[PDB]
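The chain below stands alone, shown as C-alpha cells; this is the form deposited without the named molecule.
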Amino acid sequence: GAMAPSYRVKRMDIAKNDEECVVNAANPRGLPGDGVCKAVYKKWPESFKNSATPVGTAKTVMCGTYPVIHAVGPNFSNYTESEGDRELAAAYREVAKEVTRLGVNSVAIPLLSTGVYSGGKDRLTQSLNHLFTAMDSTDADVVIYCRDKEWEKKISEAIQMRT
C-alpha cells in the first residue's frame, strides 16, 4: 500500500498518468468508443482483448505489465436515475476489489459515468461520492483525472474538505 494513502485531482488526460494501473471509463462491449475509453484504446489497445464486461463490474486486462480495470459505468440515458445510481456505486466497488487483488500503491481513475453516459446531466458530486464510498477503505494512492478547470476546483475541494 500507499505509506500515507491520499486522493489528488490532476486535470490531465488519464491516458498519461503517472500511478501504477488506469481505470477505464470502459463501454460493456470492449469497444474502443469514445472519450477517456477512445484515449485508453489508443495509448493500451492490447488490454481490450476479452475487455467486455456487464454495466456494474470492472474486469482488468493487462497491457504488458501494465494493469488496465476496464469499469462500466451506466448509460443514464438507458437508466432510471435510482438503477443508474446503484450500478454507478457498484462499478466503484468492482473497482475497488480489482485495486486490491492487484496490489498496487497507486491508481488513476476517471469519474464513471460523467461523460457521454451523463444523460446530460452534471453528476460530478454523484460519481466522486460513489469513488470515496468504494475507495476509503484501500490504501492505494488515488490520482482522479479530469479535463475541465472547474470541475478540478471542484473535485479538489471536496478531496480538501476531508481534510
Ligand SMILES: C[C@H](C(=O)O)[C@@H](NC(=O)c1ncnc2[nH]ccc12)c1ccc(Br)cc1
Contents of the next structure:
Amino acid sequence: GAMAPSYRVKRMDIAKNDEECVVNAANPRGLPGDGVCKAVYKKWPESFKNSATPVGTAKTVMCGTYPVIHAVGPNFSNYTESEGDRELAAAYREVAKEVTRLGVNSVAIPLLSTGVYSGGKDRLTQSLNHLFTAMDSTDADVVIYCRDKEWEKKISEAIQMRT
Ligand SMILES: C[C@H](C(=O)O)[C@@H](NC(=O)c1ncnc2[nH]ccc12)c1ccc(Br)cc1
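Write the structure block of the form solved in complex with the named molecule for the protein whose form deposited without the named molecule appears above.
Every component of the complex follows; first up is the chain already shown.
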C-alpha cells in the first residue's frame, strides 16, 4: 500500500495517468463506447478482450502487465433514482475489492455515472461520496481524473474538507 494513503484530483485525460492501474467507466457490453471509455479503448485496446460485465460490477483485464478495471455504473436514463443509487454504490465497492486484490499502491479513477449516464442531472456529489465510501478502507493513493473545470475545484474542496 501507499505510505500515507491520499486522495488527489487532476483535470486531464485519464488515458495519460501516472498511476499503477486505471478504472474505466465501462459499458456492460465491453464496447469501445464514448468519452472516458473510448479514451481507455484507444490506449489499452487489449484490455477489452472479454471485458463485458453486468451493471454494478467491475472486471479487471490486463493490458501487458497494466491492469484495467472495467467498472460498470448504471445509466440513470434507465434506472430509477433508488435502484441506480444502489448499483452506483455497488460498482465502486467492486472497484475497491479489485484494487485491493491487485496489490497496487495507486489507482486512477473517473466519476462513474456522470456525463451521458447521468440522466441529465449533476451527480458529482452523489458519485464522489460513493467513491469515498468504497475507497476509504483501501490503502492505495487515489487520483481522480475529471474534464469539467468547475468540477476540478469542487472535487478538490471536497477532498480538503475531510483532511
Ligand atoms: C462528467 C465527467 C467529468 O467531467 O469528469 C466525465 N469525464 C470525462 O469525460 C473524462 N474524464 C477524465 N479523463 C477523460 N478522458 C477522456 C474523457 C475524460 C465522465 C462522463 C461520463 C462518465 Br460514465 C464518466 C466520466
